[PDB]
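Have a look below at one chain only, the form deposited in one PDB entry, in structure tokens format.
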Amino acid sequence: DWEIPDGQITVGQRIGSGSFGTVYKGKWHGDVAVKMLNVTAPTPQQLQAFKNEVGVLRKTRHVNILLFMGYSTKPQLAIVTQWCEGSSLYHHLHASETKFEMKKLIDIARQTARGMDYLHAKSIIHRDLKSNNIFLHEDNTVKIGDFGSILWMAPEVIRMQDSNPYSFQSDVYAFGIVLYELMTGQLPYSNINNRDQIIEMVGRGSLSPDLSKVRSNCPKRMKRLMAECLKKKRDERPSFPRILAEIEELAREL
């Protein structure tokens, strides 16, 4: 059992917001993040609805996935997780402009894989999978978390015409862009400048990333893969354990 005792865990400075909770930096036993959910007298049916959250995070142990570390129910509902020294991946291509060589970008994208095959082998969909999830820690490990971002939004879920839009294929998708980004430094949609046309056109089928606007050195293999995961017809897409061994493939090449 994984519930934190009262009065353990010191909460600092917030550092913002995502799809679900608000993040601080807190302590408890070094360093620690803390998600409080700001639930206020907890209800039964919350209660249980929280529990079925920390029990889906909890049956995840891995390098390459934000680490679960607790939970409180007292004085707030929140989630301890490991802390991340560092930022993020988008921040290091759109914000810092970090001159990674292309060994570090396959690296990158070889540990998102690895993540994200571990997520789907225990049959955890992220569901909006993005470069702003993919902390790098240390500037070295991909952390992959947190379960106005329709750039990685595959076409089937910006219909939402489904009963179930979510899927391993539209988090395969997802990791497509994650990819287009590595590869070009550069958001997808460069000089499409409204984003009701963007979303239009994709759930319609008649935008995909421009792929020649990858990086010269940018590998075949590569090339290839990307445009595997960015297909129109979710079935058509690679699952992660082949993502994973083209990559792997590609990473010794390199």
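Positions refer to the first chain, counted from 1. The term rigid core refers to the maximal set of C-alpha atoms that superpose within 1.5 Å between the two forms. What changes on going to the form deposited in another entry:
- In the overlay on the core between the two forms, a shift of 2 Å or more in CA position is seen for a single residue of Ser212, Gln45, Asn194, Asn191, which is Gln45.
- In the core-superposed comparison between the two forms, the C-alpha atom of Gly18 has shifted by at least 2 angstroms.
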Contents of the next structure:
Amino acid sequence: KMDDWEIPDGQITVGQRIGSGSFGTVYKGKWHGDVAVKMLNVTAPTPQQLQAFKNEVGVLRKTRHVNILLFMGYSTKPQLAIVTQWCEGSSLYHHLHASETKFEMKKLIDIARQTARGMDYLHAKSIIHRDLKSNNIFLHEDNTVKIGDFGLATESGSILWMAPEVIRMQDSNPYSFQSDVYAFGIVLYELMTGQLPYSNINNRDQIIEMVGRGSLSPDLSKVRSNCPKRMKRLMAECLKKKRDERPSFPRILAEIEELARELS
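Take the protein just shown as the form deposited in one PDB entry and give its structure as the form deposited in another entry.
Keep in mind that what follows is only the chain, not its partners or any molecules around it.
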């Protein structure tokens, strides 16, 4: 039952504020070591806010994997809050797009590989991320990928990871395993090029229209010269405009693991 992960009031020490976001405000904290606490920052949660809290706790409780941010518990007083492990360092987004760090290809592949492990796990439990993007991939201790859904803005933007069908939305719910695969394709692009797609287009509404219609797609000729050819091909497959031509994660993971195994 849910109360097994309830942390009684008074035990958590809230420290430095990290950021407010779409899912609450995040702090560093102490509770049997370092933790992160995401607070619903709100005077009277409505029943919808309560349901959403419950939903996040419910899904996080189903995850036990080294590449999924570790859920540790929740509290309902002093306020609504979710507690996770504390990750040191910063996001993949931060490393690629807003830092002097340039990773070696082995490391780039290892990041890809870990990210694929996490996603394969989530898909195996029928969990659809919907917000996979480099800013939701934390490089804990610069080494271990932790996927989360942090809701913190970068230093929609996020429309860069959306599959064509997600942008078009001609049915109610266009999200799927295959849409997460597309987003993962865009993370691969980021890794293998160092860049965000469509850097030479300055109108987010044209990017939206054009990706939706199939007239614009990421320029794969930009991948670095030492990107393995099978990586570039997998990326192309993850980015297929037609949802059902994209591969599934078990195959994605196996093929990346094969690339990583060869580079010693």
